[PDB]
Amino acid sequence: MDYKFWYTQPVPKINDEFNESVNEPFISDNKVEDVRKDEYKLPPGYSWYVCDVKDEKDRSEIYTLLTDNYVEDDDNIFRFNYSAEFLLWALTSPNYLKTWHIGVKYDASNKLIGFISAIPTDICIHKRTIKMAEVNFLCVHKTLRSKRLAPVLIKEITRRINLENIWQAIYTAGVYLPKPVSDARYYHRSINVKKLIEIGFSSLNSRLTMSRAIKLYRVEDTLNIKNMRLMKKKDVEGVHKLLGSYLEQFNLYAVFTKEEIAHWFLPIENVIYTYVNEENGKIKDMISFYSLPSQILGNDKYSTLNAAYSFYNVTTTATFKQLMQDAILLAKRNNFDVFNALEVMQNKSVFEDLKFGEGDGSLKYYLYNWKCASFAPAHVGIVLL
């Protein structure tokens, strides 16, 4: 469209296109001393609020905000419903800054009507590793849309990130903004076929009857990798080597420390599931997926769609297809109705044989203040929450 806000930012214009040989900031030589020390101005009657995600009640307010006002599907049927424990995990990774968890209250009601967050992560883009912020959970109450609050939230979190001498960010969105480094479609694998049908997530046809669909998606309750088990603390060193080594082949990925691997992969029920295969004290395969339910809007039978989202999967003792089949089984065993994945890393290679269906959106990946060539999503090696 016009991108009146985005055009003022150090991000590519719609028709910018860079060679593989360009891989650098739009704006370099930035100085912490020059960063604005004043908070951005909000409309009258609204105030900044620093959220303490560790405090159950502040976390609860964020939770209510996103539950009522966060991302809905292309047809307004489902609304994503990140749990409060999920937020706690997502926002308190190693070395996180409380002051990057930013709310906006309406002064008269004392209610949170806006939120944006970031966490620090080292990102390797085209072989250069840069300290970045990973921005997520941008949300404006539905009653306050199209009033230019989001640019205020964006400019304010940028200011706070810059105060820590960080000048790049990574973020994703389902909407097209200037200008994606990569673009990955959603694919879905039906587990609880009948419920997906009944809530309008999937459909049948005259050559696919209900029973024939249920048979189509039926899975054998037996693992290809028989020793796949929930990750424990003892496996942190092993997962660090297995996943770290794997990721280096990609054009975009997080560079995890051991403390980050423990955070991101140690299991938390109804948040993060990590399974590992250990063989001679070495971790040789891993599977992981996170829990992101959607509230089902106005349905008398079901309130919640239980979805698993593929996170990081690595095999050295089986095929990729066999490892993903085990992923679908582990998600079934943990009561999920559907397993979702993006066409990143090696994932697209197994979607046809494992009976994934193409979804409606795509997820665009973005860098702030970074000029580089775009690339196919098989070359993406990071999955944001």
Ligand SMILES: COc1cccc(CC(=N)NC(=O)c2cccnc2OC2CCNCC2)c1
Given for the second form:
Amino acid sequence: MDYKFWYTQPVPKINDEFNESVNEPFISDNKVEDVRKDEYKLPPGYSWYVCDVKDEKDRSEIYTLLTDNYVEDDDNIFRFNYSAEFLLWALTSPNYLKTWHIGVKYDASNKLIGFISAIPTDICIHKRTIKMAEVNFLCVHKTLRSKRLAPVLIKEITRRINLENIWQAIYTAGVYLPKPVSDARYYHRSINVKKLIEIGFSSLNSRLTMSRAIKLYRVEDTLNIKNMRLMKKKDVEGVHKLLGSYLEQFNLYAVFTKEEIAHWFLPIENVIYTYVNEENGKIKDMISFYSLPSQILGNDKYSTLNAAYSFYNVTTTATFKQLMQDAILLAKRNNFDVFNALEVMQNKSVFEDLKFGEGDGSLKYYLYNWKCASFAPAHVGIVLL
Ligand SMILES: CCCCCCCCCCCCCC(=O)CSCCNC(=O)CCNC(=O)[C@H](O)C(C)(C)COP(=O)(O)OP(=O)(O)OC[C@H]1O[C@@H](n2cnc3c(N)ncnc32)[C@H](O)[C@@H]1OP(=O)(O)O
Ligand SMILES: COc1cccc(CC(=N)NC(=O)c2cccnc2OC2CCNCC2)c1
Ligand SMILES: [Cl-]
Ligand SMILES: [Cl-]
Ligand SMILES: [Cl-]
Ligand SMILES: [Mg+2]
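Please give the other form, namely the form solved in complex with this ligand, since only the form deposited without this ligand has been shown so far.
Everything in the complex follows now, all chains and molecules, and the chain you saw is the first one.
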């Protein structure tokens, strides 16, 4: 790979490493006054569009672009199918900017063919807290691939982020790019085993028959933490304390305000699930996971894999293993077929004993315009969407 676009940007080259003491921008003393005022040029017949994700129709257009053209697994059997209600939640966090929800239209048909987005958050990297954009949902239509549209989307969103005096960003990808700060394998825990077999997500052998696989993955419908219950507004201060305290141990994490705790954790059916254990008026344990279905490409019987993704889990009154066993059960009680997680935070410690299987790839975490030592994924304390 020559990385002819990425090598023009303030990111590390592919072999560039840094001492753990280095933790600073590539380019400092940036000036909002000098940022370009002009939108980047698109090829003829295409135009920028400011998407209004709060408008059901614009939001449907983004949904249809991603449903048809977003990320596939390595085996090209599944494509992520974020819901319209999920996109609303993901893109309207506190102080979000509408103008960072950027579309590209093909003028002749008036149809969205490209998109990129970001939201603002405070990110603590190696004990320094920096205002960053979290970038996600970069997508170019499958019919327009390899035409160098993605660099235009990237440069245009960078410009619009720079107008707010923000000069760093965080993002993830399954592809390798210059240059990860951390790389975390993903793992899955089967819930609806027969379905996962039928769709080719999981497999059997002469050793593990269908009935034996159903038994192996069976889960007891009883919580280890009996009073774990859906979070409500009254729990926002206690979750802000519990999760904020927990996250300070890591080398990379979001620094949530109370308003951000309410947005990111209060439950939305089919989008975000958060459960809490309240003891003596204090929130002492929390489980959370988000819903990200995959479309099952060319399957006669099933169109959709219902999948929960581990978000933030903290226990002070149980073992982590007991807490993640309850997360699995709570996902099963909400009709999910599989529970997915990354080897970040303390999650690796439970994967063997809770019968997770290793997936076939990894998610890379990246920073823009930031130099720092890379680190093992146990030190990652942020889960992106
Ligand atoms: C201070 C604020 C800063 C804000 C901005 C921060 C940075 C944010 C960066 C964005 C973070 C997004 C995070 C996120 O959304 C989560 S990762 C998921 C990204 N989306 C998909 O994979 C959906 C399906 N694929 C596509 O739509 C296209 O294949 C895309 C659009 C990915 C590339 O379209 P294309 O038609 O295939 O390709 P060209 O247009 O010809 O462009 C080729 C250039 O694109 C580089 N490329 C490929 N995939 C990338 C990826 N995932 N990130 C970054 N760069 C990626 C590639 O290395 C090459 O540059 P190089 O020549 O130097 O190698
Ligand atoms: C099963 O359907 C899939 C459809 C598309 C891709 C993948 C593999 C994959 N790339 N999985 C992950 O990236 C992943 C695995 C575990 C936890 N989080 C993840 O990704 C999240 C966070 C980053 N953005 C996408 C969703 C699987
Ligand atoms: Cl199978
Ligand atoms: Cl129970
Ligand atoms: Cl390390
Ligand atoms: Mg292109």
